[PDB]
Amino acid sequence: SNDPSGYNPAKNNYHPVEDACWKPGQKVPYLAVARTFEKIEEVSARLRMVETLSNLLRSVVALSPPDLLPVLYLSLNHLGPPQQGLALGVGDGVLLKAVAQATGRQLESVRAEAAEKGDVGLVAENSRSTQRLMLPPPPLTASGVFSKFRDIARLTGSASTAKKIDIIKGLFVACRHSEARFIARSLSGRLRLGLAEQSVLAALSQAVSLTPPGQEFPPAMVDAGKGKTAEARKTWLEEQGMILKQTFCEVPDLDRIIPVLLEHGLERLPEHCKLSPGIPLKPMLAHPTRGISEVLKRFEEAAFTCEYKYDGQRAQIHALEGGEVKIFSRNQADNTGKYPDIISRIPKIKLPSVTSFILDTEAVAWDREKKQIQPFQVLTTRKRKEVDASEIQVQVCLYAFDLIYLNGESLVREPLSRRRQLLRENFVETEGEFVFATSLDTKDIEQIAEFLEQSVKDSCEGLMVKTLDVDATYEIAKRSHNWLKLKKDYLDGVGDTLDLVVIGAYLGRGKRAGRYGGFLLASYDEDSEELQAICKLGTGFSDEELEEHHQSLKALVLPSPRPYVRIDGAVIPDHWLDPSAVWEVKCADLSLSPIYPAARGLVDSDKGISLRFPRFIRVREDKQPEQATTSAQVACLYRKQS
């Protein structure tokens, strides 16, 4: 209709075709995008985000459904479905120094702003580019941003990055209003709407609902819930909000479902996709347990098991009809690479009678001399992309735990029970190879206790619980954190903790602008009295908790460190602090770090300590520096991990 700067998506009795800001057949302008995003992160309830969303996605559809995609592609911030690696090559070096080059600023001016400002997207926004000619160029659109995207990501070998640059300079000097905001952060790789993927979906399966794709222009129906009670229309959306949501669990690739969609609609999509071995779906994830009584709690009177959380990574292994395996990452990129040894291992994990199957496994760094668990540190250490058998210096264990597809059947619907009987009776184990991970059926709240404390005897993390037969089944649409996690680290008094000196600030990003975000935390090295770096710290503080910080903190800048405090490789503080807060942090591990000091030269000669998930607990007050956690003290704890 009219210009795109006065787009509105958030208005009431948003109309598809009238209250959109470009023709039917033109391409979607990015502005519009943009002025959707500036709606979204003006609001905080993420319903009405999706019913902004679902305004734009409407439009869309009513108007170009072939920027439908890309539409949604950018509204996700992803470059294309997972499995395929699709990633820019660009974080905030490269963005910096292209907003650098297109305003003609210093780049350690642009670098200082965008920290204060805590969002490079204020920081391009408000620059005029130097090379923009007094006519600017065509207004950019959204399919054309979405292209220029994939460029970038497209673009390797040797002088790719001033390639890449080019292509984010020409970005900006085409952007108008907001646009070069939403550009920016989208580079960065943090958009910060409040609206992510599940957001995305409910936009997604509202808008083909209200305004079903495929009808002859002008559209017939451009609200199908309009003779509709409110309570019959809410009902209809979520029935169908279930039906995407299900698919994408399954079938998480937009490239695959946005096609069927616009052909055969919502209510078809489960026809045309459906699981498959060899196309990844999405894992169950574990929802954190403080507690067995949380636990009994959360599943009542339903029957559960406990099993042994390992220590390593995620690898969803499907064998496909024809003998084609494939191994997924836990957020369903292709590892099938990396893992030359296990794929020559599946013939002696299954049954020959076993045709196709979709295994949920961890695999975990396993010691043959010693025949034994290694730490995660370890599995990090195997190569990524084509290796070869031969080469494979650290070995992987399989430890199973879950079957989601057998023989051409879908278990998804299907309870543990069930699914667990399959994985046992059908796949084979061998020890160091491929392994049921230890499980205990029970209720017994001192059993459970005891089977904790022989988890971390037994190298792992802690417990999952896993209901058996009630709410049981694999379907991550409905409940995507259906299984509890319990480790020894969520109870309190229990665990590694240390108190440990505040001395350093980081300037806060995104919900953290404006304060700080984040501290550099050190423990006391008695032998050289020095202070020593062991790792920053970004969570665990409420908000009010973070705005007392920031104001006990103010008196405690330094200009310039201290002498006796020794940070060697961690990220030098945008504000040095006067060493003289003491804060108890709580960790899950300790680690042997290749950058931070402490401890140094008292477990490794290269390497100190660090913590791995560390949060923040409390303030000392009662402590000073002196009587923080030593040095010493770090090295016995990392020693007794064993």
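Definition used throughout: the rigid core is the maximal C-alpha set that superposes within 1.5 Å between two forms. Positions refer to the first chain, counted from 1. Compared with the form deposited in another entry:
- In a rigid core superposition between these two forms, 129 is the single residue of 332, 129, 480, 178 whose Cα is displaced by 2 Å or more.
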Second form
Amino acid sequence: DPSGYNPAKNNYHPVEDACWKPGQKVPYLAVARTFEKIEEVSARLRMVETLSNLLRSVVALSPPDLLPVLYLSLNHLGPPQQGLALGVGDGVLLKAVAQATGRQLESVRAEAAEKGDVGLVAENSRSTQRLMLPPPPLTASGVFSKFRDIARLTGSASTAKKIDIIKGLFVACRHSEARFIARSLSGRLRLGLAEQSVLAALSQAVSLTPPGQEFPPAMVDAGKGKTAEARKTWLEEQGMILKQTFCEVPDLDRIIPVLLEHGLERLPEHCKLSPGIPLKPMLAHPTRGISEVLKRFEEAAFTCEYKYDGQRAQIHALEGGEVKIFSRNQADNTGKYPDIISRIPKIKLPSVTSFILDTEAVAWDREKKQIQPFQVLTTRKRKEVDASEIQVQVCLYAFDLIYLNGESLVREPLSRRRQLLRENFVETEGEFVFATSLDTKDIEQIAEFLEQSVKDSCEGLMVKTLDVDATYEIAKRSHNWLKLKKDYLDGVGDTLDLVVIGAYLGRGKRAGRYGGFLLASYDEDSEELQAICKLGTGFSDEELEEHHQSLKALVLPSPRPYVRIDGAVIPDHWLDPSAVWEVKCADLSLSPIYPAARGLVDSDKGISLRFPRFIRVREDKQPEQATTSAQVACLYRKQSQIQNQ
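Could you switch over to the form deposited in another entry, since the one displayed so far is the form deposited in one PDB entry?
Lone chain follows.
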């Protein structure tokens, strides 16, 4: 019986310890039980062991069910470049849960906010899970198809249809299934296992129990002969095949059926980095100072690049002339930028037959010949733009080359790839230029360069080694670059003193306390606190608890007459304005929602904070003594990017 299933069981046996006969379909309750054991523990190694154990049975008995099981555990709907989204929000999901169970909405919405988890509410209600005799059990592939069903429906009257499908599952759910369907739909599975741990579990699972094996499979534990040391080394090198493959083709739709009929050793042969197929980009680790750079890099030579404030654009040029473009999430952004396809001609030498570029698309005002802020870039249409429409021009700032003229430049040092980029590509000012770089190790030069980038409408510096551990092999270390941001540096930075005027109930890791707060500045001339932004990162678990107790004393039934939030999300608890917190941010923005300082820099819009974080309590300060909307308008005006307008 599946409810008995224990994929966490000591010395776990794929065929004997399963809960479905071979060539049957994997049952969803198996997937739910594997989930229960994964969330029950906190070590990633144990989690990987359990998910491996389920994945091995799935390979021995129902291999067609492997792809959907993996998707179910990532909570993905498919390849990222295909663009699926469920289009179901918390409120619809709560209507779905309520109807399915027979309960009043208000009651359901209440308990969900209270427990901080919709899955818990969907589980523990089972009326009409009475009158109608139980529907057939739920299958892993079936649930994953109903998910793809929901995400597929669009247009007028689709919500009602999306709900019916969800009610379908909730009625077929038994045991712990409703908990995880509800969690998945809400995009909050919170197992404590995600992409990296799935890959680990996959490669271990096919390593221990390889596919394409005549049932009953000859070998079910290819690890038994080896000693405990020899095992761990073999596991690690197996996982790295998969990881670097996935990193070049993060697409289970391609990778998986290839694994099922060619084994893991042969995967790099059939799935290699290739234009038109987006690959995981290289990521930056935050570095809190020039001193920490030399700690992290020690003896390796490195370069310093301008960090541009636009959005990543991974430009693909295939042999045959076709041109595609992808976001850092692997989204297809090709239709987004007609203007960039037209200008592919202008950027390469005639000898260049195919490339993958790593660049930053940055809004550009040609009238004035300089960079506009991020808020401008985002006003451009998405979807399917036709070139006549384009309002906000973008300029490309290239800083890496991944694949040239048929050959894959991944294993090559940066020093190499930057040369190749500089050789075969052509700067056209205000349209496609290279990243301002300074090769150096002198701390004074590095600091002057930092202050210079910010002067030139940028966020600070990127930092990349040139030859030591300086490839593009994301699977070795994904966060292989450093970001030296201006606001990372103690003493340097916009910090504001803000008043807590509201609290929001936490979810998940924050259930039972407050997960975020509403913050305001003081406006002297209208004798009013005005909401500036929400705050939800920067406190320790202890600090966040102290805040729950100290601020519960001050919960108010309704807001003070002098509190002004306008468009912002109404808090769950209004608070007596007393508490003053020190708050740091990266930028200040013109807000469509917040009333802080409205009319002082824009007749219509107020000012907000970009990337706000809690620093500490201002025990010595009073709401009167808070940063003032006047000061918020001063801070905004002096912003480097802003003075250049």
